[PDB]
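Visitor: Listed below are the residues making up each chain.
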Amino acid sequence: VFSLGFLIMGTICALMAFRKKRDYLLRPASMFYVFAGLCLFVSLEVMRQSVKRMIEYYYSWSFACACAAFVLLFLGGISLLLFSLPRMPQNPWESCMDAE
Amino acid sequence: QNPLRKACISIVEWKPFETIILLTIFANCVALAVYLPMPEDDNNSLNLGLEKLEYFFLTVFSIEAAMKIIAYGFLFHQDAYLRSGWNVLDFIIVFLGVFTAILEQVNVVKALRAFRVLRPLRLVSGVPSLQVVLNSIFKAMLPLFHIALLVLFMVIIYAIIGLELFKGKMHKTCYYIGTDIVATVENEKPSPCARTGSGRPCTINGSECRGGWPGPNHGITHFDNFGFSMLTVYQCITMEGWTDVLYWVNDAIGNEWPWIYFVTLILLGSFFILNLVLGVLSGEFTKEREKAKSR
Amino acid sequence: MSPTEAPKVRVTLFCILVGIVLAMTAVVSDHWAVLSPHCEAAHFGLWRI
Amino acid sequence: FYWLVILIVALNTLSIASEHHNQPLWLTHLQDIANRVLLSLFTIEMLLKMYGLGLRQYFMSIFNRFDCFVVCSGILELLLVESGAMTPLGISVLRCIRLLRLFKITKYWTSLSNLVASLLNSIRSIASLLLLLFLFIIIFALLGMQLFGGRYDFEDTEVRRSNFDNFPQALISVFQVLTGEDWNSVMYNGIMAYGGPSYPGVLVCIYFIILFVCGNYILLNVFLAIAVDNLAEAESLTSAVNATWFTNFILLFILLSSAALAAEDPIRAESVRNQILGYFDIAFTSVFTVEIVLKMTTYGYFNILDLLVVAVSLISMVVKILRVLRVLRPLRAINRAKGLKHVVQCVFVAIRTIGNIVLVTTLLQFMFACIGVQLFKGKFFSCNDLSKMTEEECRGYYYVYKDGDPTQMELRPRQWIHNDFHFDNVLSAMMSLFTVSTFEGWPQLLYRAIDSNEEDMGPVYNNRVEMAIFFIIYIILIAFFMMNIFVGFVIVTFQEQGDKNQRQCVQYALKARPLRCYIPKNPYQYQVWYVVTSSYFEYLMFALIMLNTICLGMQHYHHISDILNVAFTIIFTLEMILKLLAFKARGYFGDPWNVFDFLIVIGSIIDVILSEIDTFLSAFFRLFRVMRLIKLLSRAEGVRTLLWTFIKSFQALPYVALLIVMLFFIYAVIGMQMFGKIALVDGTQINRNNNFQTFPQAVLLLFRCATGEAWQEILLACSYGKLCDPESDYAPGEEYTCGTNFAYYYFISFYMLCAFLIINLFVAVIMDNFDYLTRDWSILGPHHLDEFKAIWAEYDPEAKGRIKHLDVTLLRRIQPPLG
Amino acid sequence: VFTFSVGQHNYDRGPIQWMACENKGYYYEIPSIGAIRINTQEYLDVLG
Ligand SMILES: CCCCCCCCCCCCCCCCCC(=O)OC[C@H](COP(=O)([O-])OCC[N+](C)(C)C)OC(=O)CCCCCCCCCCCCCCCCC
Ligand SMILES: CCCCCCCCCCCCCCCCCC(=O)OC[C@H](COP(=O)(O)OCCN)OC(=O)CCCCCCCCCCCCCCCCC
Ligand SMILES: CCCCCCCCCCCCCCCCCC(=O)OC[C@H](COP(=O)(O)OCCN)OC(=O)CCCCCCCCCCCCCCCCC
Ligand SMILES: CCCCCCCCCCCCCCCCCC(=O)OC[C@H](COP(=O)(O)OCCN)OC(=O)CCCCCCCCCCCCCCCCC
Ligand SMILES: COC(=O)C1=C(C)NC(C)=C([N+](=O)[O-])[C@@H]1c1ccccc1C(F)(F)F
Ligand SMILES: [Ca+2]
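Just so you know, the sequences run in chain order R, H, D, G and E.
FYI, in the numbering used here the residues of the first sequence are 1 to 100.
FYI, in the numbering used here the residues of the second sequence are 1 to 295.
FYI, in the numbering used here the residues of the third sequence are 1 to 49.
FYI, in the numbering used here the residues of the fourth sequence are 1 to 819.
FYI, in the numbering used here the residues of the fifth sequence are 1 to 48.
Careful, some of the hints might be misleading.
List of simulated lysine-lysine pairs, BS3-like, C-alpha gap at most 25 Å [said to hold, decoys possible]:
hint	chain 1	residue 1	chain 2	residue 2
1	G	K804	G	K789
2	G	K804	H	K172
3	H	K293	H	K139
4	G	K804	G	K511
5	R	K52	H	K287
6	G	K402	H	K189
7	R	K20	D	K8
8	H	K287	G	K500
9	G	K800	G	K789
10	G	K402	G	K388
11	H	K172	H	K189
12	R	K21	G	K800
13	G	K789	G	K500
14	H	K291	G	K500
Computed Cβ-Cβ distance ranges for the label pairs, DEER-style [stated by the list, open to error]:
hint	chain 1	residue 1	chain 2	residue 2	range
15	R	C96	G	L477	44 to 50 Å
16	G	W109	H	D42	41 to 47 Å
17	G	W109	H	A292	28 to 34 Å
18	H	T179	E	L44	36 to 42 Å
19	D	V11	R	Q49	49 to 55 Å
20	E	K24	G	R161	35 to 41 Å
21	G	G201	H	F76	41 to 47 Å
22	D	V11	R	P89	40 to 46 Å
23	G	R65	H	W14	41 to 47 Å
24	E	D12	G	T407	30 to 36 Å
25	R	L82	G	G201	17 to 23 Å
26	G	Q507	H	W14	45 to 51 Å
27	G	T407	E	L44	23 to 29 Å
In case anyone wonders, no lab produced these hints; they're calculated from the structure.
Heads up, the beta-carbon is just placed ideally off N, CA and C, and yes, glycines get one too.
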């Protein structure tokens, strides 16, 4: 439930940022997606110990679904961040937190 | 300061007293090195002689101080002597010397004999060349400040991370059943264990995983509080036996996650910081050379 | 538009959208665990089995 | 004569470098009469060239000043054995002088004589800064004789050879702790000598923390103020299909064939993963077998590389070399990767530079190998139990006592065991010296050499304590000196492909652009902005962070550790919302440090929520409260500068790190194939934690050997004697057949390469920033111009171009170096 | 006088051998636990 909540909150900022030249709003939303993934991950953790606290077993369809979803969200949020954050300066006159 | 009332000893101060004090300190060093430390308070004849030789080396270094403290001012008269850089170090040596050799003759402890190992430093005050060299390697570390301040906080951050994650985990091991003899094999150092977990389970025949074991290296390598976590992190940073800590954490809590902690501690802490230090020093050697070649 | 309507932002948000759809579909689906002490194969979910 | 003389010296070298242990008698004869003829041949050399180049020009030049000493000693040593020279140890050093005669002749070459005018002057000018380093070691030897001298009185039977019992031993121990090798074992002996891991006992960690930190720092001003001064002046004196749609996809199809090569199963010869990977095998062969035609029928060194890669992959649809020769799939990347060609070429032409100093170290290491054979040949045998001293006595069984208890014993067959890194022939001596040079397990060899008794006899505790010098001079030359002028070589060489100030200043002032500041209207929140950026508030939040850290450390093993986290989480989230009430959420995320704090406040919230949900009815979310103290870094402007200067340069030279990654990949796959069927037995070095079964385990093992963990014990853990894994497919009774002697080539090569690349990688990153390091902060620099930008943006909050004329007052907010 | 020099150390052993040889006795060395049995029963050769 918490992960879905983060997905909804991140989608809010993601939609309301393509318009009005509110570009900066890609910075919060991104991390929301990140956190989304993270929570799904710990769900896996929980599920893992569950399948061990009970015999043969098998992770078949939605465990790979969740693993992939978490990895997608995680890498995608970190990449959205590093694509929104301006740049590693790379020149003594270049500088973060600058004009345009 | 005062007139030439007592200062009838500064006459010799400029004689070849270089050799007479250099050789005296050199013989003091040699007499410090032939001493042979015996356990549990034994002794031998020779050691009992090299103490009857310490009042001969603690007299010369005291009269060659009372010969200079009355040949310059009341003590210094301008903050000269004790504010002279090195002559105060010699004075502190002759201060602790007689202080400790007198405090020992009062309760007729031995830890006070450990300030006796500074007397070799009066050799660096002896010659001037070593004075200017020891003043270079102290000036080459004015630039190494920020790197040390960046290492002191990486060690502090990794100590706290390991204190969060691996605190109190390496405390069970494979004992023999119903016994206090830890079970190992020929070349295996006693590593942690796990009963009903992800760590490694006991495979020696008659062995059980049980708690109440102090820790891996006789109780020294573990993240049980901040001091010990700092100690073990600093030991992994110097890249000595970091794989032992990794393998013990693996054997305790599981195989898949812990490497992130150590592989990253060795990349950042060791390789990156060493790179920084090499860069900052050569960038200071080449600068001083480009300035001193211009002479 | 340089950090908003350049290509790399759009492809990355497509990645995000696939992640979102996989996440919204991997929650209510009871498709990731089984058990049989051993023909009684149980099947897990997130709420009920 | 310039080549007959070297034929002579080569015959003498080969006569000295064939003395092994238990040589045939005819080899002894061949040697004892092959030096005699060359001694009688070097006798006339100081009589003929005393006649051709005059007579008095034999002494005014340093070169041939000793060739008379060669024979003066030769004759002297030729008539001493047959008079009184007993003590084969003393006779063994008589043959050492012989080695010296070979050295003078070998040295001739311009490259091998131009450097002693620099190397010898390096040592001889800086032999005073060596004195302070020797005095450091002499003070710490005495301090160790005080603290731990005679306190190793442990009532067990474990041998602790590195103690502080007398002066030579304390000197050895302090030296070993300086080189870093196993200093932790010495520390544990020191901590157990005192109480234990209790309060007063652990405080003797300090002796080993100051001796290793302050002692390895004088070794940076000693052996590396030589190769920055006395190697820079030496060279200064010598001065006097063409689309992005297909090629950029076929490149991407090498990164898939390679990852399919990685995740294989070396144990089970036929698995589902191997059955599944066998289809990607044919796919990734076929594509490149049908992509050579498009690139060679349309066209006329690098593509033959690809064709060989695909040929070996086709003949694989003994034969086992076919699967090792296919691992050079990641090397056709240099074919299409243009960005990586220019770094591999610098690596190729960085080698013409090191052939003059890399050949002087191998000859220096070959000189020491023959001395080592003269000293320690045959002396490194032993018995299981140290009471029997010859091979005729070391037969039968004997008792060992577990825990050192005379009532708990076990029978063991006793055997005459030879050491693993011995000194019998010069190849074995060279291997041993190699492992000593990398500092690994050198005290084990030292003590095996201090106890060396006689030619076929076992060790005698503390017999020859002066044999330490052999190991301590070697280490001082090779590992500490040549390994430092070689790095100085690389550094001053990169100094050439890498005035100034006016240039950089005029480029700064021309390219730079002023800043944003997000200053608000609407005084209601201007009030809150006035405090947010007050020094009071900033210098309060740092205090709160320090107190949070101190609360985080106070915890220990065996609640308050949670409520205080709730409190600090609240205090920080309130500062975040209180700053959003000021920067309008638009000027807030404009600052990266603010995004980073916003990333931590959420993590802390989730942390506390997960804790309380667990208690109401994720062990890694706890790292968010810890990372809070990393944002102490927005203020340490010096440290942040120093971090950015190097991150910008690691983000600029990634193609060199790609070399290291490819090296690890190739070697991990090769090793996964070669020694991957060995059994995981505990008590060895191929065990559950360090093995070659899977790909991550192999890469972790390689990373362990790069750091210089006991890589020679891993080397010995796989060499044709090794019990095979049970799940492997192998003939019955063919158990002790896993492992290969290829190991000796595998590890020795890897180490060298990986020691090379890393050094390369260090100096690039260093030289890339050589402006920042070699900089004066007193005359000028980009910091002054950055401060000018600061005072500008103070008056022009938003950029919006440039500002009005007067408010010309700023010359009062300007430092004198600028105005 | 039978003198036994026990352990593995560096202290001088001249005087102890002299004590053993000057007094019609014998001199034994015990470096480990394995040497104990054979070196503590071997004085019955001197006594005989
Ligand atoms: C001032 C300058 C800056 C200097 C410092 C800069 C670097 C900061 C330090 C980063 C720390 C590295 C992360 C910690 C590694 C975690 C170890 C671990 O999880 O094992 C023990 C624990 C083992 O505990 P456990 O709970 O599994 O054990 C019991 C078993 N169960 C779970 C069944 C109960 O691992 C975990 O708790 C599971 C979570 C692991 C996942 C963590 C990976 C991501 C962590 C952050 C990502 C950042 C990558 C590294 C840093 C990047 C910097 C380049
Ligand atoms: C240029 C740089 C030079 C500066 C010099 C720096 C050198 C110093 C580095 C060495 C620091 C190592 C400190 C080692 C001691 C740590 C405290 C300790 O040992 O105690 C652990 C204690 C265990 O408690 P326990 O004994 O189990 O309790 C039962 C009692 N019957 O449990 C505790 O209570 C420990 C609690 C202490 C936690 C403190 C955490 C420190 C973090 C502060 C970060 C800021 C650092 C300072 C800022 C400086 C800014 C410039
Ligand atoms: C800064 C200047 C200096 C820079 C120096 C440059 C050096 C860079 C190279 C560093 C190499 C570090 C490699 C460390 C990663 C090793 C992974 C590992 O050790 O995990 C072990 C664990 C074992 O799992 P398993 O195989 O299942 O064993 C149990 C029974 N199944 O495995 C697991 O269970 C979890 C699996 C997760 C592992 C993911 C990554 C595996 C591949 C390694 C990544 C590296 C890229 C591969 C090749 C290049 C490596 C450099
Ligand atoms: C040139 C100088 C070089 C700088 C290095 C010198 C730094 C000085 C170190 C300061 C240490 C002071 C310790 C403060 C007293 C601690 C009180 C104590 O008794 O704690 C012991 C602690 C565990 O507590 P314990 O008492 O054993 O609990 C069980 C029941 N008592 O067990 C302990 O181990 C406490 C001590 C921990 C030691 C920490 C070691 C790591 C820190 C050093 C790494 C810093 C590297 C700097 C690199 C800079 C680069 C140039
Ligand atoms: C690269 O690194 C490596 O590997 C090494 C090691 C450590 N070891 C040895 C022995 C050697 N060798 O022999 O050669 C090497 C060296 C050392 C020093 C200096 C120089 C050098 C060179 F390489 F260049 F050669
Ligand atoms: Ca090591």
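Visitor: List, from low to high, the hint numbers that the structure doesn't satisfy.
Guide: 2, 5, 16, 19, 22, 25 and 26
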